[PDB]
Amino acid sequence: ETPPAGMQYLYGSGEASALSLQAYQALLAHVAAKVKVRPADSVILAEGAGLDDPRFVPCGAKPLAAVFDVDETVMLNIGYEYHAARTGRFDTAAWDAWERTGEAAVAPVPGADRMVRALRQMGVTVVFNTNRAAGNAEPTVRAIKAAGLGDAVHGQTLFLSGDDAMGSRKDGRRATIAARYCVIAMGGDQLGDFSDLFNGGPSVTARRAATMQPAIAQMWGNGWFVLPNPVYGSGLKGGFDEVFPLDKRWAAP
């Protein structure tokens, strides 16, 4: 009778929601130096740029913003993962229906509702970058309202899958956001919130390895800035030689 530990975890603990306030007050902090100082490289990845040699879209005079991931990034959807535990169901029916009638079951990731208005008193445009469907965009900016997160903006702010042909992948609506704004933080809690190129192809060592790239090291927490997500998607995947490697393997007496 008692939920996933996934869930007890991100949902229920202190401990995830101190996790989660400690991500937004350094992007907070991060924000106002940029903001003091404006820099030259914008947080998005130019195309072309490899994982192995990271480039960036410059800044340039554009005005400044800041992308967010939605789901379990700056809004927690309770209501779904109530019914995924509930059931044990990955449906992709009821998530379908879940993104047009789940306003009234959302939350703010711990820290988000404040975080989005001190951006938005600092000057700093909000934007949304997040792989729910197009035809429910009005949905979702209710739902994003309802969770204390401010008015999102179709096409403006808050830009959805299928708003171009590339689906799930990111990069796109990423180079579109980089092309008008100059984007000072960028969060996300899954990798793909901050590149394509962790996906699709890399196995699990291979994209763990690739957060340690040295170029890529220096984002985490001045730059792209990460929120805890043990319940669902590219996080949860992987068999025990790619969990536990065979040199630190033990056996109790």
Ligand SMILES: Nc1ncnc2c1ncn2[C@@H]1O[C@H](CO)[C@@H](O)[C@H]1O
Second form
2 protein chains.
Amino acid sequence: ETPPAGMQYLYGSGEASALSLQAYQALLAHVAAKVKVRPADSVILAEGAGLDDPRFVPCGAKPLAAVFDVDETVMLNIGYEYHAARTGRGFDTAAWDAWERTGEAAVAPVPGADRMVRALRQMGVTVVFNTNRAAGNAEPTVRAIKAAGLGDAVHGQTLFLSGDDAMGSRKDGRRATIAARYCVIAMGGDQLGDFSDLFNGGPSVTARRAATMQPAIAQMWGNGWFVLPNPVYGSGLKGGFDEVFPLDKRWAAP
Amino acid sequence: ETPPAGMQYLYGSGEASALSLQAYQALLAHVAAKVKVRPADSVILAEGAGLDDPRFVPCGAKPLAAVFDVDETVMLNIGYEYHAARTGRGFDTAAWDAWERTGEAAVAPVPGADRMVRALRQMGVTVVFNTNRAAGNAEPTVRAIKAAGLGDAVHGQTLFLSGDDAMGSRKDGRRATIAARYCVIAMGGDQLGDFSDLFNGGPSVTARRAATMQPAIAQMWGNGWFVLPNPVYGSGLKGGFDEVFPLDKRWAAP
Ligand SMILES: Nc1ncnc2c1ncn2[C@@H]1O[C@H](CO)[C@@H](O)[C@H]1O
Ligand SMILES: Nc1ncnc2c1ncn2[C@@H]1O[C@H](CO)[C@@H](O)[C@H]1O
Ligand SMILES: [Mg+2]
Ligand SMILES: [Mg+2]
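Same protein, different condition: the form deposited without the named molecule was shown, now please give the form deposited with the named molecule bound.
Whole complex next, starting from this chain.
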């Protein structure tokens, strides 16, 4: 009779709201500093850079911008996750497609996303969305973004979707398009693929966690790359016992 | 054969490590500014202040300090949560007591906690732990803190535990003791009771979430009060369907 713990946490708890507000406060402070003192590097990795040796698209004289993942980064998909909890069928690509098409009035903003987006625009920073919602559902997604109070997104200018190129769920191509036009000074997401495709398509659960602590990646967290919680679905909900609970740290009760 | 999703997320995922590193980066930047420009208010609520109208213990000329919850804020209780996942018996106060006594070699630091604590001490900020581990298990808890790389804690100076007063799991009394001696300029936690007992002992799930968005509270997140994720146990894992999925945001698949 109770929803899954991850959904209780993410959608129900004050803990999760405080955590999200924290991310957006750190992001606004970071953008503010960069608006006063424009950086040499943008926050989007250069083509061909690896997690071994991160290099970035330079900032240049391009217009300042912030890039956001949509789902569980600025918008909470309450309707869909209600359905998943009611039915137990969270993995259902056809129902997800229906949801992309008809869910625009069952979303809520992530706590602080509305204030955060308004502030970015008042600082002269363009807000750009890069989501793996499908291109053919661009218009319902625009209306869902507007309904969540996040403003007016425009396909191919400030909204980039899966299928806008032939890389599928890989977002690096769209990041490159975006970084070719703007100086992206902050990027927000709830999954590591919202920052680099290099975290996915191969690396194990333990490899990906280690990669976030690589020094040139680790410096980005809360300082260019901003993270929102998602213990409900996606690339964080993987791994067996040996990858979640490493064996030097195990213990048995008496 | 797979652990609970919240544990996959928190202990296994790079998503969760990046999120924690973000919290500690924002905290170090905030402490740094406060070390240059000492504030008038500390970060600990004054006695008698309400969530309606937050007021704070002044900073004065007291020594600078940062206060941390221990469990799932600076230290990951991997051994205990392995046991909980293996057995299904997460709520077991006797096994938790055993764990307090014998788990010191089955803990890991939260990503970034070791670097963060070292930096605070190099900046001249005293690191103070306020945990609801029990007073009578102070010494194993000191050794677990040291094992996690978090340095040397001292009962009644830099380590405060449940039972140090007669308020039980209520931490406001110990916060007051701490704020009477230090200018606490940052406080970290994974549950709202790590910031104020006023979030607990009454308020419903939806009330507590709303309270984090009260303006004078909302300004603290990532800016004095720093949050770490815990979708595994505690006050974030509460509420029925109506409190997790509000009814204006519900949706049915076709
Ligand atoms: N609870 C969930 N479980 C699985 N996939 C989910 C869930 N919520 C949303 N999704 C999304 O639904 C699609 C597959 O069901 C993917 O895009 C995935 O990200
Ligand atoms: N998975 C868990 N479920 C319930 N309580 C837990 C869990 N992990 C740790 N605890 C702690 O164990 C004690 C009760 O089992 C409480 O202090 C609670 O915070
Ligand atoms: Mg997302
Ligand atoms: Mg804790």
